[PDB]
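A.B. asks: Could you build all of it, start to finish, from the sequences and the hints given here?
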Amino acid sequence: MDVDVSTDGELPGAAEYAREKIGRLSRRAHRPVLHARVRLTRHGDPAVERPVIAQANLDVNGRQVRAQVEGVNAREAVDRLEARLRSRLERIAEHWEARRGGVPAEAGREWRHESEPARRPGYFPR
Amino acid sequence: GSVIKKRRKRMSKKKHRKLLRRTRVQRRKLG
Amino acid sequence: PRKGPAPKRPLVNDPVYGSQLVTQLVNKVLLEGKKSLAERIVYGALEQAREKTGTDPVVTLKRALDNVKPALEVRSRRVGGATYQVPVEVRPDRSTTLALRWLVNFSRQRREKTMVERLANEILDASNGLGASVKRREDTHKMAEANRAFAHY
Amino acid sequence: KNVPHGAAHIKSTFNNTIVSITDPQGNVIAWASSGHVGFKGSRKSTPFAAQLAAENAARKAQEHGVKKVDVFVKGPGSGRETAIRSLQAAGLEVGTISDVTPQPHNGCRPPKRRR
Amino acid sequence: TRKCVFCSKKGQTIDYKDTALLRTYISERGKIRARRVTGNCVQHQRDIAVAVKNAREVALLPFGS
RNA sequence: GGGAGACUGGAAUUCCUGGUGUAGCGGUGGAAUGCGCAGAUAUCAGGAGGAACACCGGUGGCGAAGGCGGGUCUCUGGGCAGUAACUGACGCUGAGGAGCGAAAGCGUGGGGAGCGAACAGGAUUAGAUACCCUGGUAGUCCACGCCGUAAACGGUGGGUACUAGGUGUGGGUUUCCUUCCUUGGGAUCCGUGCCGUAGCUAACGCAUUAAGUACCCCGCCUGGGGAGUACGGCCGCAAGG
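Top line first, the protein sequences correspond to chains A, B, C, D and E. According to UniProt numbering, the residues represented by the first sequence are 1 to 126, in order. According to UniProt numbering, the residues represented by the second sequence are 2 to 32, in order. According to UniProt numbering, the residues represented by the third sequence are 2 to 154, in order. According to UniProt numbering, the residues represented by the fourth sequence are 23 to 137, in order. According to UniProt numbering, the residues represented by the fifth sequence are 17 to 81, in order.
These are calculated hints, taken from the structure and not from any lab test. Don't be surprised by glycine CBs; every beta carbon is placed ideally from N, CA and C. Warning: the hint list may mix true and false statements.
[Unchecked claim] Simulated DEER-style distance windows between Cβ atoms:
{"no.": "1", "chain 1": "C", "residue 1": "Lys-143", "chain 2": "E", "residue 2": "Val-53", "range": "51 to 59 Å"}
{"no.": "2", "chain 1": "C", "residue 1": "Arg-149", "chain 2": "E", "residue 2": "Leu-37", "range": "51 to 59 Å"}
{"no.": "3", "chain 1": "C", "residue 1": "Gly-81", "chain 2": "B", "residue 2": "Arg-29", "range": "54 to 62 Å"}
{"no.": "4", "chain 1": "C", "residue 1": "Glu-33", "chain 2": "A", "residue 2": "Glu-110", "range": "52 to 60 Å"}
{"no.": "5", "chain 1": "C", "residue 1": "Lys-9", "chain 2": "A", "residue 2": "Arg-27", "range": "46 to 54 Å"}
{"no.": "6", "chain 1": "A", "residue 1": "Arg-109", "chain 2": "B", "residue 2": "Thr-24", "range": "44 to 52 Å"}
{"no.": "7", "chain 1": "D", "residue 1": "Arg-135", "chain 2": "E", "residue 2": "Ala-65", "range": "27 to 35 Å"}
{"no.": "8", "chain 1": "D", "residue 1": "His-58", "chain 2": "C", "residue 2": "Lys-36", "range": "56 to 64 Å"}
{"no.": "9", "chain 1": "E", "residue 1": "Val-21", "chain 2": "C", "residue 2": "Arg-149", "range": "52 to 60 Å"}
{"no.": "10", "chain 1": "A", "residue 1": "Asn-61", "chain 2": "D", "residue 2": "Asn-37", "range": "30 to 38 Å"}
C.D. replies: Below is the structure:
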């Protein structure tokens, strides 16, 4: 997994840490990752309690996955971003194991939006 | 009542039972 | 098409042949709005067919259309959270559209050095039942038949 | 042999259907299965496969001299009506329809529920 | 709804010997008919069910023909 | 269908034997392990065995609670109604204590069809110590004993008296429409539901089966974790309580 990091201003070593942390998420993605971008920014105002902002974007086989966090320094922001991305990838899975509980089951028990409608005869049962 | 309290109690109970299982022979030999 | 069907465009009859089908054909071969070139191509192909066989071109064009017109097609259907290739009956208009599109495309990938010649050869072989469009109808019917188990929904 | 009157047994489960034309004494003279007519896996639980199996079995009974048959349907409904219709349509006269599905009087434990 | 033909002053006694009196109370499959369809009282329904079971036990009624 | 014992019935599953009979069967969202070609699955006849008792059968009955329905017989407990013959306050509660107490589990001896923790493969998955599939041992069953816990819940201790009604349903006595066939209707006693006043409650709701109005007795609570844990003790074969 190849990641490009577009930082700004002063954030020494943030790029390497972010690359190494984010690149570990490829195995979690159930489909090949086409692109991955990370941006690190810092807030100019000292009054901001969490100045560093980290954002990510992954192209998981055409599905866009993005997250954004805030932290007090580069390392914390990158770690929180990794956590958020992992959660998103978990919720995105869409393979069989991820949609086996949502497929309608039974015959008459339970009803869902895509549940098969019951077949009805022309004449009333009586 | 929320099931959260039941969850806390059950985790404490499960951990204690695991601890008891892990040291059965040691307790028998010391007692 | 969420709120209902949309009206169809009533295209006019052709002047030099008086048939709906040739206008449909010229609109199928039309590219970039150069309608005059499309009409020249279609008329040239019809005249080539008339010269080769010696009879009216519209009758052989209709014969080719009937030879390549499909009747059964396959569409992916999602019923109860599962997708399958379900054979579906084809309406007459969609069958004519599919036949014309197949004819035009398969003539576009012929090897007769000119689109008029390619089109004429394709329509002639479709009339005689040897075109690649005829073949394509054969495989589409075969695929529709091979999935007949799913026709119940 | 020559068996003019016989019995047809149709077993329609949730993933297959088996037809066996039977001499009234219980001997089987011709049988066709859903997987015997070219279907496999989930494909053979379809009513079309039931129709094909019924027609194949009906023919294999017909050259044996079977002209009139009575059916004994059985199992959860998958292609039972289709199978009977295909039996009739293949040149076989269907006398009587009887549903003989084994119904326990609360004996033996069913397997645990799937999830 | 309907009438408990046994609570009446002419209510015939329920026995496992009289087969026809029970045959009128079982469906064509040989199953015992429900109380709401039959309409008799709870005690008579119990008497009928017990009589049907007893008759089955002595091969007077089929076990679900 | 309150409990205990003995005997006994039929359907179905499995297995075994013998016919007919062929090339698949089985399983899934889709498949594969698996079974079969040494004759499977299917169909028919016969046989063996174990377990659970379709319809009746319900928000219906019984039991202090756990719980209890295939049939018959034997032994046995409680409840309700009416008469009010009898005794004449003999009542209520109950610390400790004793007994009973689902399932799982434990001991000894049998039994073992189906199901099935553990365990094996197959599949899904990034990974599957899982869900799904094929097998499958303890166990589930019986006899005799241990254990003594449960969302053992109505999350509502027991007794008593009083406080609008309406409407289902189970058991029993009775007056009048009266055909007296009929849930005819009423009255009454004992249950079991629903809806609803007053009242109560933080609210939700409860509401003559009170969570209302009061009296008697018992159990328990005193912020959350640490912790129903350590230590000591008692009980238990152990698990553990």
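A.B. asks: Does each hint fit the structure? Answer for all of them.
C.D. replies: How the hints compare with the structure:
In this structure the hint that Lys-143/C and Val-53/E lie 51 to 59 Å apart at CB holds, the actual value being about 56 Å. As the Cβ distance of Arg-149/C to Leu-37/E is approximately 56 Å, the hint placing it in 51 to 59 Å holds. At roughly 58 Å, the beta carbons of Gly-81/C and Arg-29/B sit within the given window of 54 to 62 Å. For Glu-33/C and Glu-110/A, the hinted distance range of 52 to 60 Å is satisfied, since their beta carbons lie about 55 Å from each other.
Taken as a hint, the range 46 to 54 Å holds for the pair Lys-9/C and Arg-27/A, whose Cβ atoms sit roughly 53 Å apart. For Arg-109/A and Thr-24/B, the Cβ-Cβ distance of about 46 Å falls inside the hinted range of 44 to 52 Å, so the restraint holds. For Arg-135/D and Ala-65/E, the Cβ-Cβ distance of about 31 Å falls inside the hinted range of 27 to 35 Å, so the restraint holds. Separated by about 59 Å at the C-beta atoms, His-58/D and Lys-36/C satisfy the suggested range of 56 to 64 Å.
Checked against the hint of 52 to 60 Å, the pair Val-21/E and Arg-149/C passes, with Cβ atoms roughly 57 Å apart. Look at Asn-61/A against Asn-37/D: about 33 Å separates their beta carbons, and that is inside 30 to 38 Å.
Checked against the numbered hints given earlier, the structure satisfies every one of them.
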